[PDB]
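2 protein chains.
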Amino acid sequence: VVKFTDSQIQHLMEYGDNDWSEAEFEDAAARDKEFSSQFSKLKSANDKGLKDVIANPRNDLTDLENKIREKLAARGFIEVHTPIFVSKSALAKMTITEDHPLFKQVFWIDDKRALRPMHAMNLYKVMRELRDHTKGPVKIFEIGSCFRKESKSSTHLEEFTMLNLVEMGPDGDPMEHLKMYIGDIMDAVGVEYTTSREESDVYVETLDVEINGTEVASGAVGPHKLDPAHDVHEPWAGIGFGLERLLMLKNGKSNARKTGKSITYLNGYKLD
Amino acid sequence: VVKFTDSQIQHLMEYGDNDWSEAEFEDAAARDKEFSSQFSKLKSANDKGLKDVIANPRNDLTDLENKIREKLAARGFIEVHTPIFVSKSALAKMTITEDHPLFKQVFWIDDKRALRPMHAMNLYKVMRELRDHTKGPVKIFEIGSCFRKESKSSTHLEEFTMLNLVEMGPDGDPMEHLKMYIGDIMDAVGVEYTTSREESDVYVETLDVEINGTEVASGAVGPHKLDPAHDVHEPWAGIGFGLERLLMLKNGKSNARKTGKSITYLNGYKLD
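Just so you know, the sequences run in chain order A and B.
The first sequence begins at 2 in full-length UniProt numbering and counts up by one.
The second sequence begins at 2 in full-length UniProt numbering and counts up by one.
Excised from the complex, chain A in its bound form:
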């Protein structure tokens, strides 16, 4: 009728990924006996995991990116690296001004610049100017950090790695093209997935993708209301994936902070 306290679960959740939610005990002394035994059990397995990294070096995040890069490369996508700084006017083009709920989540650098909370601003600009240099499909994507202000015990990261791809002039059907790129992304992760195409009024069609019943991304297809503000006048398709959450699901990790850019974790193992 008693189990772990609120701060000894926190140590077990830092060195291990298993759910100690309902592991009951006889008394307050029996709960302390297994905590110390399990706390050292995870601590030493966490130690041997990093010893394996030192013997067989690798970076889980880089390895995943390079597989996504080479799958999208077979489809004819150009990888671009856009700046992290974005303008106040670019954010205003995406309806993101003071009345928008995402406005208070924005890290401002000066009165005119901020850290990008998404890739749409820079990809809208790049994909349109590429249209000036070709009459065929524009296929670009980017992998890099975006930033948002968050609650401090919230599960969401303040800096997270986003993968956003977009095709601006599909030679085939734009929705079928996006579904095929989804499958390319999922095979790089190694998981199977569920897709559910659903209607919407502000896009032409929406594609909700989910892994094990958990929605992880939603793609758009067709002309959007914000297109004329970016001088875009053709049907397009695109979707964004959070890469830390994908690693967390593939590796059964406790939370997204264990797989992202961090000074306390490395390939999922704790450093201190």
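Possibly wrong hints are sitting among the right ones.
Repeated chains share a single entry, so a pair holds when one copy, or any two copies, can fit it.
The list that follows gives simulated cross-link-like pairs (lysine-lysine, DSS-like), each with its CA atoms no further than 25 Å apart [as the list claims (entries may be wrong)]:
id, residue 1, residue 2
1, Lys126, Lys49
2, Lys105, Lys226
3, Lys136, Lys271
4, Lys136, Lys42
5, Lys153, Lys126
6, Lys136, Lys72
I should point out that these hints are in silico values taken from the structure, not numbers from a laboratory.
Place chain B on chain A using the hints.
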């Protein structure tokens, strides 16, 4: 007698990397003509390269990073991805206070966090805590962007991709280990280089790296002076390279803004 306008020089440096500094003409009529013809020629050459990226997608920055990654991995290095936010305490351990000349160019987020202007802060903590998990050599490196406030003359970038490697607990001669790693990076970019080794102290030895008599990097081997502030008490080696300036020298670009993270350049070609 007469030579190019300053406005004409800027136009030709935005579409080409050729030096039109010392070309002279008869008078204004002949100067205004070669400009219009060179400008039109550079544009279609710039256009022809963008069409080649569309026909054969690539990204010179990713292509170089991965080549560096796989050469360092053969040496037993571990790629780590650390956060971009850093505390003002972590900077203070690096003597980056109001006293320091780097303080003025620091991008602050709030009063206790800033955007990293170098990789030393985060690499200090990851290399030290990995000592708690092995007795042999500690080898890590990061490829990521750091931020510094620059003036509007702006021939240094505000966001630049830094490559910083660290070898701790040498396992051999640390200086020749560093000499070798430099050759690995230089073979990845594909340039002939020279070295210059001077004696900082009885403890540390510095090594300067120049490409075409232009210094591109500075490294130190031994017990660094800021080690006690990070609980580090053993010799190590490290050096950082600007990935943009390296790409600028190999491809002969006119300035590093054509090779970095940009919305106007894509593999060195202008988009607008």
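Would you pick out the hints that fail for this structure and give their numbers low to high?
Checked against the structure, no hint fails, so every one of them is satisfied.
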